[PDB]
Amino acid sequence: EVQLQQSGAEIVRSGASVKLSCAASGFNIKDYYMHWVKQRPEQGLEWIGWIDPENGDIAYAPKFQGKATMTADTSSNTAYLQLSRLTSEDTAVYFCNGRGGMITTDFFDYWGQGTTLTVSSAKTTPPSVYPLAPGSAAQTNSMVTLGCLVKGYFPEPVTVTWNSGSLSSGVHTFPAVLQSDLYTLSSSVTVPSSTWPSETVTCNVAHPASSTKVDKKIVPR
Amino acid sequence: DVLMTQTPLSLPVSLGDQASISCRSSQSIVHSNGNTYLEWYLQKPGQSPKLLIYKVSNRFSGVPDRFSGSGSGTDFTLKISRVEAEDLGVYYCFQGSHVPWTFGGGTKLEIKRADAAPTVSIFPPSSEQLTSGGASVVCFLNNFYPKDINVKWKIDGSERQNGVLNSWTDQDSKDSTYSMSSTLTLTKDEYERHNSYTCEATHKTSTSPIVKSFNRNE
Ligand SMILES: OCCOCCOCCOCCOCCOCCOCCOCCOCCOCCOCCOCCOCCO
Ligand SMILES: [Cl-]
Ligand SMILES: [Cl-]
Ligand SMILES: [Cl-]
Ligand SMILES: [Cl-]
Ligand SMILES: [Cl-]
Ligand code: NA
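Heads up: the protein sequence lines correspond to chains A and B, in order.
For the first sequence, position 22 (counting from the first letter as 1) is numbered 22 according to our numbering, and the numbering increases by one without interruption.
For the second sequence, position 156 (counting from the first letter as 1) is numbered 377 according to our numbering, and the numbering increases by one without interruption.
Some hints could be false.
As the list claims (entries may be wrong) - Calculated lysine-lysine pairs in the DSBU-like style (CA-CA distance at most 35 angstroms, straight line):
(1) B/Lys375 x A/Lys123
(2) A/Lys213 x B/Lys433
(3) A/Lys67 x B/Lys276
(4) A/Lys216 x B/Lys375
(5) B/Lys265 x A/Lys123
(6) A/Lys30 x B/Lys265
(7) A/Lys151 x B/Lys265
(8) A/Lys151 x B/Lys375
(9) B/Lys433 x A/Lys217
(10) A/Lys19 x B/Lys276
(11) B/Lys395 x A/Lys217
(12) B/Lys373 x A/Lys217
(13) A/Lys63 x B/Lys271
(14) B/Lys300 x A/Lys63
As the list claims (entries may be wrong) - Coverage of chain B stretches by chain A, computed from C-beta distances (three or more under 8 angstroms per stretch; other residues unrestricted):
(15) 275-283
(16) 318-329
(17) 387-393
As the list claims (entries may be wrong) - What the simulated footprint calls covered on chain B by chain A, stretch by stretch (three residues with Cβ under 8 angstroms from a Cβ of chain A suffice, anywhere in the stretch; the number is not a length):
(18) 261-271
(19) 336-350
(20) 354-363
(21) 398-405
Simulated from the structure, these hints should not be mistaken for laboratory data.
Don't be surprised by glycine CBs; every beta carbon is placed ideally from N, CA and C.
Just need the whole structure built from these sequences, with the hints factored in.
Okay, here's the thing in structure tokens:
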């Protein structure tokens, strides 16, 4: 089974450079063209360029002339994308795509899983976990929404559960957003008014990078 | 560059519906060799793009026969004969005829459901955060449909934008709704100089803004 395996998530400060890898197994990159594609958070696909690993021929999109450098190492069956003079605009997922044979045989087209680049000068920082309890009381047989705000951490991921995974219905956990080099995430849970505060509701936050675990009970104000 | 123009931006469908997605190239994409290198891709959440169609109308190996493509030299159409649940995601056209190769801006294929009002909940800063010198006000806007929504914050009646951080979820697999979180972050110092904090949402389901508010001093 063919496989294009991309390197792991990268975190690099602005003004530096990063080199991402795309390693083939089950086929030879000399026999195909490699393409790279960028995708910023909540945006569409953007083409970067192609490289012929056999000949060393390269075509770049004009925008990435200067920014990107595509290379390949046929002996390790690996293609590389270097991104230089980094800024927050380079924060994105980068995909490699091996393709060829469109003329001479059955078209071959395989994609890597993507590599995330986060441009930030932040050091590993544990989260602050804040309980969100309602400002006013609930009416009879109504729904009450509780929340958990997870602020000031780096890098991703943090995890959030409710009652150690026993409260799963009525939960919404929102993707983290980076601003000023640190992440914020939030999670809500909506439960019948008869169940809170009569029963305990706790948000559970883990941050593997900092070895942090925080369990915060949601208590009425 | 050859610019690829997709339409529509969003395509709400029921399962079993026919779906048509179009792409117009700004210039001809018939290569001098005679081939028209027009491709269609589907990208599902958290996944790499998957090739569906190449050279306008050639179905890629493994692609279901419900997918078909046609086109002239500048106008192209992807058709799904009867949409299946696995087809939901974002579709892109792509041309490889002229460097730089270029993608269309994408079309979101989503499930049409009945209109659903946002469930809006506002939260003052926690005592724990205030102890740390911060003051975030959080507003959840949950389980709404359609996805088009606009959130505005007011402090003592005046619009506030500095310090607002929004996040949201894609269409829910069980109920086909969307949700959103909006967090206004202030210093504790600034929080304590104002009284009323308001989250306002505009959505199809209400003719006026949907409002939740509190006053700091209770
Ligand atoms: O009437 C029905 C409808 O009602 C719905 C609402 O129900 C509300 C009540 O909830 C019911 C469901 O929940 C039942 C269980 O309730 C548990 C409440 O527990 C509160 C106390 O929890 C304190 C924290 O407990 C966990 C502490 O763990 C510490 C060790 O952490 C281990 C690591 O964390 C896991 C991830 O790590 C893996 C990587 O290392
Ligand atoms: Cl933060
Ligand atoms: Cl837990
Ligand atoms: Cl049907
Ligand atoms: Cl593009
Ligand atoms: Cl529903
Ligand atoms: Na709702």
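Here's how the hints hold up against the structure:
no. : hint                : verdict
1   : B/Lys375 x A/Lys123 : 34 angstroms, holds
2   : A/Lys213 x B/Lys433 : 32 angstroms, holds
3   : A/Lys67 x B/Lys276  : 30 angstroms, holds
4   : A/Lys216 x B/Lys375 : 29 angstroms, holds
5   : B/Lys265 x A/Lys123 : 32 angstroms, holds
6   : A/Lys30 x B/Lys265  : 30 angstroms, holds
7   : A/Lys151 x B/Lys265 : 29 angstroms, holds
8   : A/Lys151 x B/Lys375 : 22 angstroms, holds
9   : B/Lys433 x A/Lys217 : 24 angstroms, holds
10  : A/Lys19 x B/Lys276  : 32 angstroms, holds
11  : B/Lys395 x A/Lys217 : 28 angstroms, holds
12  : B/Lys373 x A/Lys217 : 30 angstroms, holds
13  : A/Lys63 x B/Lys271  : 25 angstroms, holds
14  : B/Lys300 x A/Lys63  : 32 angstroms, holds
15  : 275-283             : holds (count 5)
16  : 318-329             : holds (count 8)
17  : 387-393             : holds (count 4)
18  : 261-271             : holds (count 5)
19  : 336-350             : holds (count 9)
20  : 354-363             : holds (count 5)
21  : 398-405             : holds (count 4)
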